[PDB]
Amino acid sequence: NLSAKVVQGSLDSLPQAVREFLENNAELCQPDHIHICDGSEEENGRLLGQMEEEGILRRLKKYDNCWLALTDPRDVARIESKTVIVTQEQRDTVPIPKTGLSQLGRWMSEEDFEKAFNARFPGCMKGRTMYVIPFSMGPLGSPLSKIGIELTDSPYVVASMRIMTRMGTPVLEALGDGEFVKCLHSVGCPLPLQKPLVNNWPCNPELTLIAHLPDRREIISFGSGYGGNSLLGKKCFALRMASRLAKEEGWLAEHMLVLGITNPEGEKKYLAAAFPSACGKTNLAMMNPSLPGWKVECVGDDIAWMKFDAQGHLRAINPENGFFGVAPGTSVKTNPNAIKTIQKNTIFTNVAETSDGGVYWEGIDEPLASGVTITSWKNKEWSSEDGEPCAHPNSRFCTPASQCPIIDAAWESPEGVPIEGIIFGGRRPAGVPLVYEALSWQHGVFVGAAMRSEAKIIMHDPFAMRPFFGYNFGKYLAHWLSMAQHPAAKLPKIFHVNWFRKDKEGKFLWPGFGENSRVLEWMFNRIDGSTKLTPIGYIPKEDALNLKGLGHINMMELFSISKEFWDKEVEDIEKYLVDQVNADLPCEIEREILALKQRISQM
């Protein structure tokens, strides 16, 4: 029966639970074949070649083993509207807002979900192969890591998973008869194709739905092939589901990069930072610092799982195995370590391709040689005069973390790394100083809770988690607050930064990139215990910030704090938190709102 559709590996080789899971969805999705992924280079080579044949991937000959996927323009990014969490009670997923609709997540009834499921998955994989992906989120074999099993009908998803996680036979070895997260994905285009196929990229935008069923330890994704919607260990699992798990077990799951910074005296600290959309998450994570004698090393650029250790140190681990980085804006100047990481074994999605088989995108800042032309991401010849970018703004590179030249020696340490500083941020063209320090852990929690960022629209993005909350944000805030009561906790110092303050002409006041190291320097020394008090927190006092080697900086305007602006700021924050979190807003947050309001009143 089933055994006969297996084209790689052995049913009997799977632990019973894994097998039962496979049997159930195979019988449900009706795939022509079953491929049990082993994660070997050989298998990867096979899948890539096939992908080349079917025209799903193109080979980029300028580089060593680099590929390019072009998608249907209708499937290029996460769709928040189509992203849901399924629980018995709405309250458990999102707070009931005072007005309008929740901006803190999208909830769906068990009932509505069954209907939506039944309308999508039966026979969804016919004419296609169902791949079985065993994967570990976090270092392989660590008892603190979580294992998942993802069923997919997309070889692109497979090849990407091989990079973004530990994947294959060794993962199954470690799982044994242990529990796992059930992950079901399907591009939603059974053969024969009922609709036209674009760029050989199967997707079903109409019926696109990314679901999470925490009580069942299940993730169910339909209709999109885009990474955030299909790499189930990443957002769906390592952020959403995990934040819920963690909330139940004392730890934390955050949208945070993790970096290790060393001063000229050899002292080293690890910092974590939560930044929204652009904001240069990856640029900070693998920054080449401008300050002589300093050293920045990368642990992770997207996700952090943190748990207090026996001495009360917040330990962070990167459960990812690679970087799913935004490509436009990436250059030698802005992120030299990133350029180097991707010279090899990397999958690019939706970038442009030079005629010598290289890659290209806005802000690559790499002049073309005589006679090199550009094929844009829509497979058309391209010039600067066409009025559309050569690469999609959300285009991606998918690269092994082990290739980053400054990958931290402890990025896979099962013990994790001790966080001494948490950094919040956003793109605020006006009003918010370059860097400020929270006055207390409670105030710091409020700072993260107050996060806003210019997507020309400025939106709220609490802890940079707006699209990723796995449960009630009100409760998420309480959990964070409770940390100040954990026995002998060594709470990280909390800062808020802004690299995007503009002058009236809209020109940046701060150069950024390598120079942010200067800000990092200030944070580092503060952790070691100086400040100028302001209503919003501590800023660097005069001449404390290291400006040696910089052109001129308008420090006066960069750190300017206006009552007019901050009046409207706390006003907007209060309204947002009270309306959106409503009955679930922790009173400690209420106190910080009022306290900030008070402090602003005496200026």
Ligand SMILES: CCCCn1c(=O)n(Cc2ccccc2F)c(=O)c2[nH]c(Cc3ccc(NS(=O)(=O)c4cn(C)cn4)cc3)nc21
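So that the term is clear: the rigid core is the largest set of C-alpha atoms that superpose within 1.5 Å between two forms. Residue numbers count along the first chain shown, from 1. First, how it differs from the form solved in complex with this ligand.
Residue showing a CA shift of 2 Å or more between these two forms (rigid core superposed; candidates 366, 503, 206, 111): 503.
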Given for the second form:
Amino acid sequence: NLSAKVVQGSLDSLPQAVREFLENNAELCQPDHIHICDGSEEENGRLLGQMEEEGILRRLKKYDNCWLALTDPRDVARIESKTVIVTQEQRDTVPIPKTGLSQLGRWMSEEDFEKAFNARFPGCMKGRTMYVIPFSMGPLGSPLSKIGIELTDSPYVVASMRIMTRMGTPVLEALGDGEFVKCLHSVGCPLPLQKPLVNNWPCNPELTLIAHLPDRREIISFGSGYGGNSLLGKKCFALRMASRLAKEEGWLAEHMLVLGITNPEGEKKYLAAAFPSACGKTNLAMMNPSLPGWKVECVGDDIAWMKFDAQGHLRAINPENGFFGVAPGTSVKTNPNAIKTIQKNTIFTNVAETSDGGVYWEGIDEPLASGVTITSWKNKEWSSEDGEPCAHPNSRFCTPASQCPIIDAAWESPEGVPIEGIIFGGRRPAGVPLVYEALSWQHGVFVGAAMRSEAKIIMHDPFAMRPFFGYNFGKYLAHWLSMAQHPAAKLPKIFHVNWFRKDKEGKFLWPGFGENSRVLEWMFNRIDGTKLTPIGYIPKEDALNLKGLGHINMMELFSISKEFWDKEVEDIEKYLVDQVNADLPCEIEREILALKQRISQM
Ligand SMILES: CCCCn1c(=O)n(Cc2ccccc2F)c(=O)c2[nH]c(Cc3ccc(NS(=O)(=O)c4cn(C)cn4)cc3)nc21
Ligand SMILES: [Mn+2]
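Next up, can you give the form solved in complex with this ligand of this protein, since the form solved without this ligand came first?
Full complex below, order starting with the chain above.
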């Protein structure tokens, strides 16, 4: 009865668990066809083709196998306010803030979600093919990897998931009869359409909803076809759902880049890093280091799964297969390696396209030949005299990691890479030193918790996970804290960095970019064996390598003023106490207190 809708693969060759999941939602959504994805190149070809033919994608003829998708302007980003997590007890999902509404999550009762789902999903795929995407987060056959299944009515989702994950039949085989995350997605526009179609990009912003049910191990997403909303392995699974699993299983699912750094002598270390938006996260992941003799390799630019091995090493895998980076700002200057990565086999979204079939965006830093013209992401002829950008600010490239010219030899090792330092970061134009080191693990956890960052306004982003916590942030803090008790744990040095401090004239104090390799040099050697301060250790005078830099105003760059840090700790204590409240671990209350006492003596 359902086998007659299948246009590829076989119901019969599906694991029982998979088959039932599929049949259940195939029945509910009513797609005319079912297409079990085999992940093959030929399949990808025929999809790009179908998509080109349906007006969904357009090939960028300047490059080897590159494509452009343009969206409905109402559907251009991951959207927090339609994202929820569904649990029986709200408290499991978010803490109950003293004052008003939680900034740390968005809970929805199963009751309310029952009604919400039924108000969206039935018959939502009529007129459409449901694609079945089997995907592994992490190297195939890595004990650290977890498997998912995504049902979607979006060929864009399917082609992007081929890049951002390991996808295909080989995943069904590694999965066997075991567990997997159940991911359901629908652009929410059954045919015939009820509302007009813009840029051939089906979406339903009114009923848009991205919900996770951690207890049923499901991720259910409706109404958006974009990035974090539709590519379910990315934020929904790899951060939100993974954080829960990691909490149950004693490891860490985190919003961190991973890079390997080698010094001139050939000693290599892996470093992980968490940055809020607007910090050059991806730029750092592929850093071309300015110090002579040094090497930087990229393992991942977004998400890290970290688990202690038998030997006690905190090893990490990139659970992803590709980069989904923001395009605007990417240039040979800010990021040469990204530029080479995306030269082929790459899918772009809401970028501008030049008259000779290339891509374009603000900050690309690249003169156009004589009389070469530009079509904006709104599919309109564009000049630099329009005031408006040619590419949407959140526009993206979706590119294989394997194509990164500096990709790490072990970026795909099934055993992970040993992390020896965890870096937290922010954009603080004032107050916060370029770099400093935690006093302990416990104090380290608190530095993570205290993270704030500029976005005109200075906002809190604890661990850069604020939009991504899979469960109570309070219990998440306790989970990090317990990592120190893991038997034989070789715990990473914990650091905080800030590229963005400014002088009184509003000018940056640190040349940043490739020069940040001078900051990693400090971390590297600190890891191997400082000036003590109320916030942790900063470098000893003359410990930082400033050879070849101008005159750096170090004094001001590393100044720590009582007036500032009084205000800072007060803001941090108030935030954590209002927002985490009864779930705030007492060990954190002590770090606050300790900070306060060290500050009052200065
Ligand atoms: C959200 C956008 C962030 C842009 N950006 C940034 O991305 N990085 C991170 C970074 C980028 C590249 C490699 C490593 C690395 F850590 C930084 O370290 C960074 N630092 C700053 C402040 C700053 C400091 C100095 C200058 N001088 S500049 O000479 O204008 C300049 C531009 N480029 C590409 C290189 N030099 C301009 C800006 N802006 C930065
Ligand atoms: Mn991210």
